[PDB]
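Below you will find one chain, with nothing else, as structure tokens; this is the form deposited in one PDB entry, and questions on how it binds or moves follow later.
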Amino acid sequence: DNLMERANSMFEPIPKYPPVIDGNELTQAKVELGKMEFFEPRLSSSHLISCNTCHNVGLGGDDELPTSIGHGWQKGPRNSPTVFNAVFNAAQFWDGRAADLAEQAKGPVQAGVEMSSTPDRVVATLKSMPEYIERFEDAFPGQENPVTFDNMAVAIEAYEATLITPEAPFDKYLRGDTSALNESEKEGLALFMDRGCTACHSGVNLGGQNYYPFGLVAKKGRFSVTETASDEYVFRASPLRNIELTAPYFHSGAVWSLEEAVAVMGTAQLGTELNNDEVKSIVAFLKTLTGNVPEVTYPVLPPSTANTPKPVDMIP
């Protein structure tokens, strides 16, 4: 098929294994430790929050409500991106000044380990529990003092890399299964490519590789995507893979409807104008991007000890 051939020139299917990030070779011990930490709520000062709290791996890998905390964030509330397939994105979620990218931006996997809690607090918490020390020793053989903030970050990054979702219908199509998509979805695929959405949403995650001075604004009829004043603020073109599971949408999380998310992105300025039927065809296509959520065995964490820093009280 020429459609299949074109699709393969613009996109790629999720591979069986994730790409190695910054030389972080995955091992069973690192991944297991990273998983424990991903679900570990005692890294937060309140002891009520863990990565899974905002990136629920059972519900889209993201958060349902905009938030102002996490990753040492000090500004207004913003939507949370999904951890699913984040490892394939070169650009990270961005909701701010283009001028700040140079010094503050990093890969998704690395941005994920930016924390609000201080390094000393975290290390002390982890060292207070014998089992964590053993897990760090298992993950970092040969290191005399394995429990460090950097090693913690490396183990979490190892686990983040495993959160990929292969075998979506679209990936099967890319790989040759012409029947993986029905006619309605194939029409959506052709339109996605013919209307220029691929200028910003392409590659392995259909987005996630570049920043653009175009973002959602609250004026289908209630929202729109427009250029920011003086291109001062930029946003990362959203990776659309698994979009079916990641509502709400955009940097603000103001849109819950997938059809509307598609509609506001069809504009004359961007050269992506669409009529109502085409919007619906593209929606059909985007629904074929849902892959297999990885199976996760909930980790059994170790009990706190006398040396484990205690939860910090509620005082806003």
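Here, rigid core means the biggest group of C-alpha atoms that superpose within 1.5 Å across both forms. Positions refer to the first chain, counted from 1. First, how it differs from the form deposited in another entry.
Core superposition between these two forms leaves every listed residue (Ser128, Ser116, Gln209, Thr198) with a C-alpha shift below 2 angstroms except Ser116.
After superposition on the rigid core, displacement of the C-alpha of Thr272 between these two forms stays below 2 Å.
In the core-superposed comparison between these two forms, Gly72 has its Cα shifted by at least 2 Å.
Once both forms are fitted on their rigid core, the CA atom of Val300 lies less than 2 Å apart between these two forms.
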The other form holds:
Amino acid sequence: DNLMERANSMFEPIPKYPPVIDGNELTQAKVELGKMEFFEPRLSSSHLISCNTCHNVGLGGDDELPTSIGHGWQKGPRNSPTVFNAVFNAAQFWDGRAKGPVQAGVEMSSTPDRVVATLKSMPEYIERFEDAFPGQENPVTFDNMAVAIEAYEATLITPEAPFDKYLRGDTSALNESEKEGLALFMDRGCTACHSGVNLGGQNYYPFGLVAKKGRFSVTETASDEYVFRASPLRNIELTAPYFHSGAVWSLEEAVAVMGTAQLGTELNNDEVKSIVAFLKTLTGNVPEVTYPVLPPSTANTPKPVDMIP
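For comparison with the form deposited in one PDB entry, would you give the structure of this protein in the form deposited in another entry?
Next up is only this chain, free of partner chains and other molecules.
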């Protein structure tokens, strides 16, 4: 199969087991702590927002809103991307600009000092930090908190999508209609920006969605100065709405506004549908999640702050 070897030169399948990213070892104590952290709403000053609020594991790893809640409980500027397979993305933000997603996420509703004070006020967290970061005198630090969360994110991968079975050899994993969408995807230029393990998530490009249904289009930015990350398309079927602003709900419309003659990627209606069929084959196994049990607050725990004072 030439189609198959072509696909294997452009893409890679999601690893079957959680990866060690940047030397972040997956010990049980660290992954368990990270899981607690991920669902811990007390990392926010209101005690109501956790990573799971915006990267909902039951909703595709994101929040299914055009844009996430920003300051107060007002509309934020960006669509929250899925946390599923995110550890494989070299480009982590929508806009080309040194904080990482974890830090940016927490700071959206709180401060490092307050987060640390919160975690040290609960005996169980101190014990877990001590067990997850053995031999450190002050294990509960904002950096270690991030390392633990990151270790947990490494387990939030979605292996075994039909397409990955195909890449691994099962010529039958994709049907006729899906092989066309795949051929189109590799023939009409999509792979110039959306390739690798997540079919995207690696580079910024000078193209963004703008108001032009057919109310939007992706157009080159002035002088190519501002750039947007070409989104990782893996699990795209489950991460609507689309684009940096979440302005497009239809996956079909999303593919349409990216496949124009004026991009070097022209697609007619049927060709759009074929790509959509191929994109659906990118949905992998949602990782199983056992809800953690968080420890109760103590007298030293900073009190919740009202969102709307």
